[PDB]
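This document starts with one chain, in the form deposited in one PDB entry, laid out as C-alpha cells.
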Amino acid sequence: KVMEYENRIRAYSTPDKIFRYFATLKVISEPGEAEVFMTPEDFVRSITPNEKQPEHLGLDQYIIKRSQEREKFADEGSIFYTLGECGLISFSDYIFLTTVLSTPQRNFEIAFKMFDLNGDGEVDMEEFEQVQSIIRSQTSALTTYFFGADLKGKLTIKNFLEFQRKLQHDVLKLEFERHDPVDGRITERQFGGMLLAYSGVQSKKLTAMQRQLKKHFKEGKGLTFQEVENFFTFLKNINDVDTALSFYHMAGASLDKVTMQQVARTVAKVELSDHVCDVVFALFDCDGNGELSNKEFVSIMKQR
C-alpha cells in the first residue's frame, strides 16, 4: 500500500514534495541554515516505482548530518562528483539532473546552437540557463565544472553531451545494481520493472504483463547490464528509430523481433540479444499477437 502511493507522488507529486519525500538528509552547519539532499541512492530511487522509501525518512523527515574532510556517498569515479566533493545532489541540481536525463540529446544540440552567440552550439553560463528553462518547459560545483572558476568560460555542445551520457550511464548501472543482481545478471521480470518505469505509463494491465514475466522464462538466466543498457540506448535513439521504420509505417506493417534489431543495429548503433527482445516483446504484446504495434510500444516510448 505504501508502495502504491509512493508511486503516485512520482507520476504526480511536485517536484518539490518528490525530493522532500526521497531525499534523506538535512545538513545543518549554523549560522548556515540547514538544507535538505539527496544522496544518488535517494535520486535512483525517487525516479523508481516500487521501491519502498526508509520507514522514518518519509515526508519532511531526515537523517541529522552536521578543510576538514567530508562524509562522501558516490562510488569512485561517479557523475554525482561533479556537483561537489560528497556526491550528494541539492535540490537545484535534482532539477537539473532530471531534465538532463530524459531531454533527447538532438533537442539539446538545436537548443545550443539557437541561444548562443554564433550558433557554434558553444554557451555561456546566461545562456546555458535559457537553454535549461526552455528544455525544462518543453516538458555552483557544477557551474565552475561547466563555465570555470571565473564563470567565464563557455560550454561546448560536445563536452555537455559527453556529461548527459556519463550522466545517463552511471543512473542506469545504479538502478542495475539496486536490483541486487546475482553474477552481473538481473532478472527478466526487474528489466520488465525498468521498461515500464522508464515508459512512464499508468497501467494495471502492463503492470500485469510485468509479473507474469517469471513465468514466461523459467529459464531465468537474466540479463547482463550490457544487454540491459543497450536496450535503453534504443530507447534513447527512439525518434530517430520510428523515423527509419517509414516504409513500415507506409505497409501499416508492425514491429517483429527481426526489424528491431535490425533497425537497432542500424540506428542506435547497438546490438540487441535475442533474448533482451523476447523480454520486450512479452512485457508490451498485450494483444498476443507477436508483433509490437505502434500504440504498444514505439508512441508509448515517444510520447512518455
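Positions refer to the first chain, counted from 1. We call the rigid core the largest set of C-alpha positions that still match within 1.5 Å between the two forms. Compared with the form deposited in another entry:
Of the residues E175, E188, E227, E122, exactly one exceeds or equals a 2 Å C-alpha shift between these two forms once the rigid core is aligned, and that residue is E122. Once the rigid core is overlaid between these two forms, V258 does not reach a Cα shift of 2 Å, moving by less than that. With the core superposed, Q164 shows a C-alpha displacement below 2 Å between these two forms. Superposition of the core reveals a Cα shift of less than 2 Å for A282 between these two forms.
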Second form
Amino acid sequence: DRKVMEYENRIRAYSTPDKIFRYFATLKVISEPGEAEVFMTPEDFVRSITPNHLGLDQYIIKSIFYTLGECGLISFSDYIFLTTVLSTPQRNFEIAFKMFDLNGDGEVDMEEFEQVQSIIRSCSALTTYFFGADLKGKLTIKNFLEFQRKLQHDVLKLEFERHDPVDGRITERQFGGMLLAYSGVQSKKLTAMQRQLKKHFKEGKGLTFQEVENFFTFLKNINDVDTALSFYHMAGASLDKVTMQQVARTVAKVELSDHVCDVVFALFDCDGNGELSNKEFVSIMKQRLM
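Now that the form deposited in one PDB entry has been shown, please provide the structure of the form deposited in another entry.
Here we give the lone chain, stripped of any partners or molecules.
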C-alpha cells in the first residue's frame, strides 16, 4: 500500500490547494442554514505539508494558530495565507514589499495594495491577514519576517513531535526521514540510505529539537550558501563537515552540531567519498525552493 503514500505526495505537489486542504482537514462544522466550513487542526496542517482515526464533524440545525482566531482551528482562507507565508522566501518578500511600498515609507497599506492591484490588470483573500479586518493596518518586512519565523518554528515543532521524541530527542533515522521528506526527492538510493541510519548510528543519543531546528534554519538559507561559496571562488565546491559548519555559521548564524552533520553526511553521501558534492546536497536543497 505504498502506491498510496506515493499517491498522496502527488496531491501534495500536483493539486488544487482546495483538493489538498479538503483531503487533510478533519473538521467539518455546519450551522444550518449556513454552509459547511471545513477546518484543519495544526496537526492536520503539518501532515498536509509533509509525507509519511476520525475525520469528525459537528452540526447545528436551526502558538500562532490561536492567532487565527478560530481557537487553534484553521480555515481554508487561513490555509492559503499560512501556505503562502511558509513558501515565500525572505528575499522575494523584500522586493515585492519594495514594489508595493509606493511612497517608500517603510510600510505598506490597503490604499497602496489597492493602487498596485489595479495597475497590475491595467491574492485578494490575504488582505485581512495583512491589513487586519479593518484593512487600516500596515505591513512591515520586519513584522512579516517575525511572523514567518514563528510560523516555521511552530510548524517544525509540530513535525518534531510527529516522531514521538523521547526526553526531547528523536532518532537519527527519524531525522534522516525529516530531511528526505523535506528534500521532496524520491529515489531508491537515498531511501536505502535512510534506513541504514539506525545501523550506522547504533548508539545515537538522538537529535534535540534545537539541533534539528538549527539545521532547518540552514536549509532555509541554502541559496545564500551557494553565493557564499562562489564569493570565495569555490562555486559548486564539495562540502566537508567542517566547511558545512563554517558556512552554516557564516550565512545562517547557527552552530551545527557534529552529530547533525554526521547524520546529514551519512544520508546524502551517496558515493561514500566522505564529502557532499553540489549535486548530492546543495543542488537538491536549493531545488526544494524552486
